[PDB]
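K.L.:
Letter by letter, the chains look like this.
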Amino acid sequence: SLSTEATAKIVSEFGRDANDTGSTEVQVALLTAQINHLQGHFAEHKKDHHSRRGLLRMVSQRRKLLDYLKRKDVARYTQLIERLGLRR
Amino acid sequence: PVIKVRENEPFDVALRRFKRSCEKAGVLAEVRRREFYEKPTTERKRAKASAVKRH
Amino acid sequence: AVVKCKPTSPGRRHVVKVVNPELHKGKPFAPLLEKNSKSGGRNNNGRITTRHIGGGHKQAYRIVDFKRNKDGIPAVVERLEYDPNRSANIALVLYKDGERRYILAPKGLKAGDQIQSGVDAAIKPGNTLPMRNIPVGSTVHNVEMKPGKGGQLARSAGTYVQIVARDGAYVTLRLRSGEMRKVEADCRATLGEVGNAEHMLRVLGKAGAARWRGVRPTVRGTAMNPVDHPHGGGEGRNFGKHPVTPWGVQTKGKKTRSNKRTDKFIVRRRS
Amino acid sequence: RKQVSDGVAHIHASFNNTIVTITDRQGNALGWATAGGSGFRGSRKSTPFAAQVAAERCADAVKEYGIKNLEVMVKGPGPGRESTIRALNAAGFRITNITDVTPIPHXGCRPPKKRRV
Amino acid sequence: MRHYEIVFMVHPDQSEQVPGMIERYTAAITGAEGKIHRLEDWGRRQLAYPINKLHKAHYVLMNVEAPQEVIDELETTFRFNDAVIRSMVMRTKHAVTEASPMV
Amino acid sequence: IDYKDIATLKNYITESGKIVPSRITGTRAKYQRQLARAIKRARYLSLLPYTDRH
RNA sequence: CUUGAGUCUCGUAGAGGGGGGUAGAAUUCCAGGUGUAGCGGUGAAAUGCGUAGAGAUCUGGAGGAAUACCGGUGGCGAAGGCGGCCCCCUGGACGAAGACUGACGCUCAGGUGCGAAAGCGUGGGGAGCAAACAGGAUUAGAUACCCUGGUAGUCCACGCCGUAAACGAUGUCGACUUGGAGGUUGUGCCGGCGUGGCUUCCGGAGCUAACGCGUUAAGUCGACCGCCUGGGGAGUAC
RNA sequence: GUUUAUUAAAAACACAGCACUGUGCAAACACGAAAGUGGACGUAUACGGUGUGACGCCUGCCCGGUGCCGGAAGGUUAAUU
Ligand SMILES: [Mg+2]
Ligand SMILES: [Mg+2]
Ligand SMILES: [Mg+2]
Ligand SMILES: [Mg+2]
Ligand SMILES: [Mg+2]
Ligand SMILES: [Mg+2]
Ligand SMILES: [Mg+2]
Ligand SMILES: [Mg+2]
Ligand SMILES: [Mg+2]
Ligand SMILES: [Mg+2]
Ligand SMILES: [Mg+2]
Ligand SMILES: [Mg+2]
Ligand SMILES: [Mg+2]
Ligand SMILES: [Mg+2]
Ligand SMILES: [Mg+2]
Ligand SMILES: [Mg+2]
Ligand SMILES: [Mg+2]
Ligand SMILES: [Mg+2]
Ligand SMILES: [Mg+2]
Ligand SMILES: [Mg+2]
Ligand SMILES: [Mg+2]
Ligand SMILES: [Mg+2]
Ligand SMILES: [Mg+2]
Ligand SMILES: [Mg+2]
Ligand SMILES: [Mg+2]
Ligand SMILES: [Mg+2]
Ligand SMILES: [Mg+2]
Ligand SMILES: [Mg+2]
Ligand SMILES: [Mg+2]
Numbered sequence: 002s003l004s005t006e007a008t009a010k011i012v013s014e015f016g017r018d019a020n021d022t023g024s025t026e027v028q029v030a031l032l033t034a035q036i037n038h039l040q041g042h043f044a045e046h047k048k049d050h051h052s053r054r055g056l057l058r059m060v061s062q063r064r065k066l067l068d069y070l071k072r073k074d075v076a077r078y079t080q081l082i083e084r085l086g087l088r089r
Numbered sequence: 002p003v004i005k006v007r008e009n010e011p012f013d014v015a016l017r018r019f020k021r022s023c024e025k026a027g028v029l030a031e032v033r034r035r036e037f038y039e040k041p042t043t044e045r046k047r048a049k050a051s052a053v054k055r056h
Numbered sequence: 002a003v004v005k006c007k008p009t010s011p012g013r014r015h016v017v018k019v020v021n022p023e024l025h026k027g028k029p030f031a032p033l034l035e036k037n038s039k040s041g042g043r044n045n046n047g048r049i050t051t052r053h054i055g056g057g058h059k060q061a062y063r064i065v066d067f068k069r070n071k072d073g074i075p076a077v078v079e080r081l082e083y084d085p086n087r088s089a090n091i092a093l094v095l096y097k098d099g100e101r102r103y104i105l106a107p108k109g110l111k112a113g114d115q116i117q118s119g120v121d122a123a124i125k126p127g128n129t130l131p132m133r134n135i136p137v138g139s140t141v142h143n144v145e146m147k148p149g150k151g152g153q154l155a156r157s158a159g160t161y162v163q164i165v166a167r168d169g170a171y172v173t174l175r176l177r178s179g180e181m182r183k184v185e186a187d188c189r190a191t192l193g194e195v196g197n198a199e200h201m202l203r204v205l206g207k208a209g210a211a212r213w214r215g216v217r218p219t220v221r222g223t224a225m226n227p228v229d230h231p232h233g234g235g236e237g238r239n240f241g242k243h244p245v246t247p248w249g250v251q252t253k254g255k256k257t258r259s260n261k262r263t264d265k266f267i268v269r270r271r272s
Numbered sequence: 013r014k015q016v017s018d019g020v021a022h023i024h025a026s027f028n029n030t031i032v033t034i035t036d037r038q039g040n041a042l043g044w045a046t047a048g049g050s051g052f053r054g055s056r057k058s059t060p061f062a063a064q065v066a067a068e069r070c071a072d073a074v075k076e077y078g079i080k081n082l083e084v085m086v087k088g089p090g091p092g093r094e095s096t097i098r099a100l101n102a103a104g105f106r107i108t109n110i111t112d113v114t115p116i117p118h119x120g121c122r123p124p125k126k127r128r129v
Numbered sequence: 001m002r003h004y005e006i007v008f009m010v011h012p013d014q015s016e017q018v019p020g021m022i023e024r025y026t027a028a029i030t031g032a033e034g035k036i037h038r039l040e041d042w043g044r045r046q047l048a049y050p051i052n053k054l055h056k057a058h059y060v061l062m063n064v065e066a067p068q069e070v071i072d073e074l075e076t077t078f079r080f081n082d083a084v085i086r087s088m089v090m091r092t093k094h095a096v097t098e099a100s101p102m103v
Numbered sequence: 021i022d023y024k025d026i027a028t029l030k031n032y033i034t035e036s037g038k039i040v041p042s043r044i045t046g047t048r049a050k051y052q053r054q055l056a057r058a059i060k061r062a063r064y065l066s067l068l069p070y071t072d073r074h
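Taken in order, these protein sequences are the chains called L, D, S, F, R and X. Just add 1 to the spot in the first sequence (first one is 1) and you have full-length UniProt numbering. Just add 1 to the spot in the second sequence (first one is 1) and you have full-length UniProt numbering. Just add 1 to the spot in the third sequence (first one is 1) and you have full-length UniProt numbering. Just add 12 to the spot in the fourth sequence (first one is 1) and you have full-length UniProt numbering. Residue 59 in full-length UniProt numbering is what sits at position 59 of the fifth sequence, and the numbering runs on without skipping anything. Just add 20 to the spot in the sixth sequence (first one is 1) and you have full-length UniProt numbering.
One or more hints might be untrue.
When the alpha-carbon atoms are kept at most 30 angstroms apart in a straight line, the in silico DSSO-like pairs for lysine-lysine are as follows [what the hints assert, rightly or not]:
{"hint": "1", "chain 1": "X", "residue 1": "24", "chain 2": "X", "residue 2": "60"}
{"hint": "2", "chain 1": "S", "residue 1": "125", "chain 2": "R", "residue 2": "53"}
{"hint": "3", "chain 1": "D", "residue 1": "5", "chain 2": "F", "residue 2": "14"}
{"hint": "4", "chain 1": "X", "residue 1": "60", "chain 2": "R", "residue 2": "93"}
{"hint": "5", "chain 1": "F", "residue 1": "126", "chain 2": "D", "residue 2": "49"}
{"hint": "6", "chain 1": "D", "residue 1": "46", "chain 2": "F", "residue 2": "126"}
{"hint": "7", "chain 1": "D", "residue 1": "54", "chain 2": "F", "residue 2": "126"}
{"hint": "8", "chain 1": "S", "residue 1": "5", "chain 2": "L", "residue 2": "47"}
{"hint": "9", "chain 1": "F", "residue 1": "87", "chain 2": "D", "residue 2": "40"}
{"hint": "10", "chain 1": "D", "residue 1": "49", "chain 2": "X", "residue 2": "24"}
{"hint": "11", "chain 1": "F", "residue 1": "125", "chain 2": "D", "residue 2": "25"}
{"hint": "12", "chain 1": "S", "residue 1": "183", "chain 2": "S", "residue 2": "255"}
{"hint": "13", "chain 1": "D", "residue 1": "54", "chain 2": "F", "residue 2": "125"}
{"hint": "14", "chain 1": "X", "residue 1": "60", "chain 2": "D", "residue 2": "20"}
{"hint": "15", "chain 1": "F", "residue 1": "125", "chain 2": "X", "residue 2": "38"}
{"hint": "16", "chain 1": "D", "residue 1": "40", "chain 2": "D", "residue 2": "54"}
{"hint": "17", "chain 1": "D", "residue 1": "40", "chain 2": "X", "residue 2": "60"}
Pulled from the structure, derived: some chain F residues nowhere near chain D, Cβ distances all over 10 angstroms [as the list claims (entries may be wrong)]:
{"hint": "18", "residue": "28"}
{"hint": "19", "residue": "29"}
{"hint": "20", "residue": "46"}
{"hint": "21", "residue": "56"}
{"hint": "22", "residue": "80"}
Hint data in this document are derived by calculation from the structure and do not stem from the laboratory. Backbone N, C-alpha and C fix where the C-beta goes; we use that ideal spot for every residue, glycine too.
Let's have the full structure, built from the sequences with the hints guiding it.
P.N.:
Listed below in structure tokens is the structure:
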């Protein structure tokens, strides 16, 4: 999956601690990076149905986490989505 | 199932050794297993039936 | 790329057309064209010999190399072009010394490949070799019947032959009709299959789309008079006769081959 | 005609018939005889006694070659596997090897459907 | 940047021109920032069963740590080089620097 | 287990060339699978005979 | 706030999914070499094949389909299902010590997606097997069971179909409730002592009309959903 | 779309589509006492003959007769001697 270097970079640059690996923003960043990466894999592999399920699970989990962040704090929510370049 | 014949080894001993080799390798049984076709459902059914009879 | 046209007109309702988006779009190479005039199915006496021929679009002849005689000089394919004189496409090549020629396009050949002819040529599509250096069992096209003459077998679009044996000084081929023939082992052949396999997936669609090819209408035998065809005549729709060609020869079932000087090379009939 | 002194006996015994041939080391055949090619026709055509008779007559048919050594190759699950070997040995011959070459697919091809009897 | 076992057997009659070329392979590896961990020449051996009417073959084993694309190009070279009759590239989990059972 | 230890792999092959069951030799479950993989790797690599007929 | 839920570090086994390449055995066909009168098939027979040289045997070539042994009341998968070997891409599960977010959770009508075999459309492919079909037998008859041949189909790429005794005839999530005999996969201490996950058989209280289930419940409970209301007519008609 | 110029323009001819069949190239076939020529400067996804007539569902039973293809155990049978 995601390389150790990429995850280390995103958590050491994007979270509010040296070892912050559990915040909502960090999770959303990891899921969006993995989704963007797997888009390329699924471009050439239409008939891969047993990984489409994992991709759908990641999408749903990202949606629920963003729902929670919107419900709790809206300002940092908008900050996160503008950093990540998303719509909702 | 190759069986040779040596000096001071009579006919019947070599014949019995060849028969034992054939029995061990199960050549005739394996041939008679591929006589016809078997539905995979029947394969799994007979396998489980034998396994539950053994228990 | 077989595409079906939308039925905006009665003549376009049934049309299916094969478009290749790789053919050269401009004009052909100038020093390799000639002139031909349509005959209409008429010989030097002016009489009609073959019926249902006449008219059509004008064409020019392209000098295609069927010998590949020059050897030891690699060549690079320049581009693929459309030839109206046949059913396959032709690919212009540029030899290392500066000479250009037309060859038949094998299957899978594109611009930027390399070809080669001779006795040391590599075994890959596009090359041509005598059938004694070619591995038995392979598939070839543009075969010769006589050593030195030129490519004369399996030359249409999509066709090919297969070498099945080598009985000393000869080879045995399985032709597209199923007939097995013996040819000299010194005849050359070209590796691969001739391209444009989508030729028979084309529907002409209308009556006038066959007159662009120069094909005049066919009149049925029973629709004639007793003085014109053996089948002609009747009050209504009457046949009562064994089917025959317009000249009396039986047309449905009868064999017509008669050639005793080449029957020695026919291993078996197509049947 | 020719002298070899060591051939190879090929036995092909199936559920209905047994065919016995003798060849050279290079594969070239010399003579043959079958259980059904000996008058045993129908149900008796497969019984091992027919195999023994076929082996004996086939051995007698190769009296002009003068062979003293043999190998045997056994094929098929037919009943003619032991009787043929004994007949070959007891025909005045001498076998120095025994080998089974029955073909066995390693999967291959779908067999005919089961006989509903 | 992964470890690999590379085994190949080559025609015995070409044995006299095997050594130098494997160096080139090593060179290629060392040209692509790859690491050689072990290289043993098993030599001429009798095959367990005849391969295309041959009986002997020259077996050579190489131990590499290299990126995947270099292994891909090496595999293509092995495919086209008619001298070698067979080859096999196995991806391992760690370095296997030791004495092989052959020697 | 590796395919390069042919001497030990000899002990787990029948006379014909097959693979002995686990219950006959009493070995474990995982080692049987790894052994079978090694045997197949060696059989492809022309180190072991596929069959016995010749 | 951290006990529910999830992220990070390490490692573990696996027919989990997709793409490409490749090794052996075997049936069929084709071309050569020896050899001559049978081969094949049934309970018994013949249609069928063979003197233009079959069948048997040896060397070689082509093509297609499936991977002997290992092999397991084994393993993976949400379900249908998944098996020779190697590389590339990729999903899930699990285990020891710890760090992190702090209820972010469960179920689900509409909706979206996957979905054995057969069947359809377009284009390739065709070794074996084999609906329809042809002939030989059996029989009072035999549109079959038996025998010899054989076209769709079975194979691949794409797009449809959306059905099965699609079954554990048992909806998903969580909590509590005597035991025994095993299989498989991780970890700690000195063959033993603990500890988790998945699974097979027997059986106690309890439950059921009974058969039986029984810590993987059909036992004691909470949440949400789906479905049932006599048999034909009928899963039919509009 | 074509047709009986000058009493018949139609349901008649043609047609895209389907099938049977012949043809291995000095191709089958046609015009020629012959040489030659068309087919074709094309090579079985090509050419000739025959019937039916877009598209949809489909196309059953009969090989005695008359044709065509294949077989040769027997009978009769020309020129020749
Ligand atoms: Mg015509
Ligand atoms: Mg026509
Ligand atoms: Mg017409
Ligand atoms: Mg008229
Ligand atoms: Mg006239
Ligand atoms: Mg007339
Ligand atoms: Mg009329
Ligand atoms: Mg009438
Ligand atoms: Mg009439
Ligand atoms: Mg032969
Ligand atoms: Mg806190
Ligand atoms: Mg749900
Ligand atoms: Mg619903
Ligand atoms: Mg289809
Ligand atoms: Mg089709
Ligand atoms: Mg149900
Ligand atoms: Mg019910
Ligand atoms: Mg499970
Ligand atoms: Mg109940
Ligand atoms: Mg119980
Ligand atoms: Mg309905
Ligand atoms: Mg009009
Ligand atoms: Mg007019
Ligand atoms: Mg008029
Ligand atoms: Mg008028
Ligand atoms: Mg008509
Ligand atoms: Mg009809
Ligand atoms: Mg008739
Ligand atoms: Mg008749």
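K.L.:
Now tell me, hint by hint, if it's right for this structure.
P.N.:
Hints versus structure:
| no. | hint | in the structure |
| --- | --- | --- |
| 1 | X:24 to X:60 | holds, 12 angstroms |
| 2 | S:125 to R:53 | holds, 25 angstroms |
| 3 | D:5 to F:14 | holds, 27 angstroms |
| 4 | X:60 to R:93 | holds, 20 angstroms |
| 5 | F:126 to D:49 | holds, 21 angstroms |
| 6 | D:46 to F:126 | holds, 17 angstroms |
| 7 | D:54 to F:126 | holds, 25 angstroms |
| 8 | S:5 to L:47 | holds, 26 angstroms |
| 9 | F:87 to D:40 | holds, 28 angstroms |
| 10 | D:49 to X:24 | violated, 38 angstroms |
| 11 | F:125 to D:25 | holds, 29 angstroms |
| 12 | S:183 to S:255 | holds, 26 angstroms |
| 13 | D:54 to F:125 | holds, 28 angstroms |
| 14 | X:60 to D:20 | holds, 29 angstroms |
| 15 | F:125 to X:38 | holds, 29 angstroms |
| 16 | D:40 to D:54 | holds, 21 angstroms |
| 17 | D:40 to X:60 | holds, 28 angstroms |
| 18 | 28 | holds, 14 angstroms |
| 19 | 29 | holds, 16 angstroms |
| 20 | 46 | holds, 21 angstroms |
| 21 | 56 | holds, 22 angstroms |
| 22 | 80 | holds, 14 angstroms |
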